[PDB]
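Shown below, as structure tokens, is a lone chain in the form solved without the named molecule; questions about how it binds or moves come after it.
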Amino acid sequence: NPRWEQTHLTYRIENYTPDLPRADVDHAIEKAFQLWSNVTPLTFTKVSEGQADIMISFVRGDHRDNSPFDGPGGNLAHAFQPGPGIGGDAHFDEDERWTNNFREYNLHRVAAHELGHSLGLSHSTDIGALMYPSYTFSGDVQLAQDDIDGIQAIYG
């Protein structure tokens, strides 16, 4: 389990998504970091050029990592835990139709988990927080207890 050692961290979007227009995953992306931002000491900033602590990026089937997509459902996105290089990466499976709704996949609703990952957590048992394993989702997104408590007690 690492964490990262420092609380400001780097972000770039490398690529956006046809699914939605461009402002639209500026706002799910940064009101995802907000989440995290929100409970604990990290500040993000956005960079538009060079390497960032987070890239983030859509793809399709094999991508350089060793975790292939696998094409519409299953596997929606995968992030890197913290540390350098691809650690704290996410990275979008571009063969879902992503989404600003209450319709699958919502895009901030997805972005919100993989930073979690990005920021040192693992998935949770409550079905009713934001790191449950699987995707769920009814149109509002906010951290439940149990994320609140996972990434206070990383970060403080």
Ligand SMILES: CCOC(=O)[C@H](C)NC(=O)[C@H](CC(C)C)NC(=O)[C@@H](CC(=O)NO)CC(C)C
Given for the second form:
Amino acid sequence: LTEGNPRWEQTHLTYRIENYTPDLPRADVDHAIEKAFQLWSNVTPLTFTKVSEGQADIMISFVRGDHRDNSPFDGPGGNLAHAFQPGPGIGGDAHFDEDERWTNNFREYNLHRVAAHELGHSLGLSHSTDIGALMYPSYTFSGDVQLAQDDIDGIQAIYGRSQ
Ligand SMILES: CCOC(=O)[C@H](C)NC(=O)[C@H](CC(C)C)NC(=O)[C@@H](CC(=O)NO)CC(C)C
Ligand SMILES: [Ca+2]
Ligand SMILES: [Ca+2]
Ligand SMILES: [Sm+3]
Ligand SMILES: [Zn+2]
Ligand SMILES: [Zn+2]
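Next block: the form deposited with the named molecule bound, after the form solved without the named molecule:
Now the full complex is given, and it begins with the chain already shown.
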């Protein structure tokens, strides 16, 4: 028990995509989520393994409206997605608003870009004030999805560096 955010004490985590969005072909959803994990994996000693059945540290799903938690979704626009901080059960899980039009290109809203942000929460990060950072509280799409120095510093402060 220390201060700051809750973190995972395990370094090898598993994730599972519970349901898929009909907005994109299955392969593009898998790619977007795998690439998002890779970003954070590149700068820390964390590893992620995808499971098809059973429980996993990070469960991912596409839902709309009221979905059994205290923050029901709001239809197109507004809130795009949310995630829980590390911990048992629902901890680390990420929920994406299905009422949004998810994309695999530059048009709103790029799944990969939003997933990268949500997984940061799943790993224990809070928001950044840097408008160039992935953890910024609002959606921005620059044309590429990469960690800003602010994102790299924040995740390394918790789990350390890689190599
Ligand atoms: C430019 C502003 O409006 C927009 O472009 C779109 C419509 N909405 C948003 O960007 C809203 C903004 C809030 C002010 C409602 N933010 C989010 O949905 C965050 C929620 C979060 O923190 N999840 O972890 C998710 C990430 C994609 C940043
Ligand atoms: Ca969990
Ligand atoms: Ca919404
Ligand atoms: Sm949709
Ligand atoms: Zn939710
Ligand atoms: Zn956020």
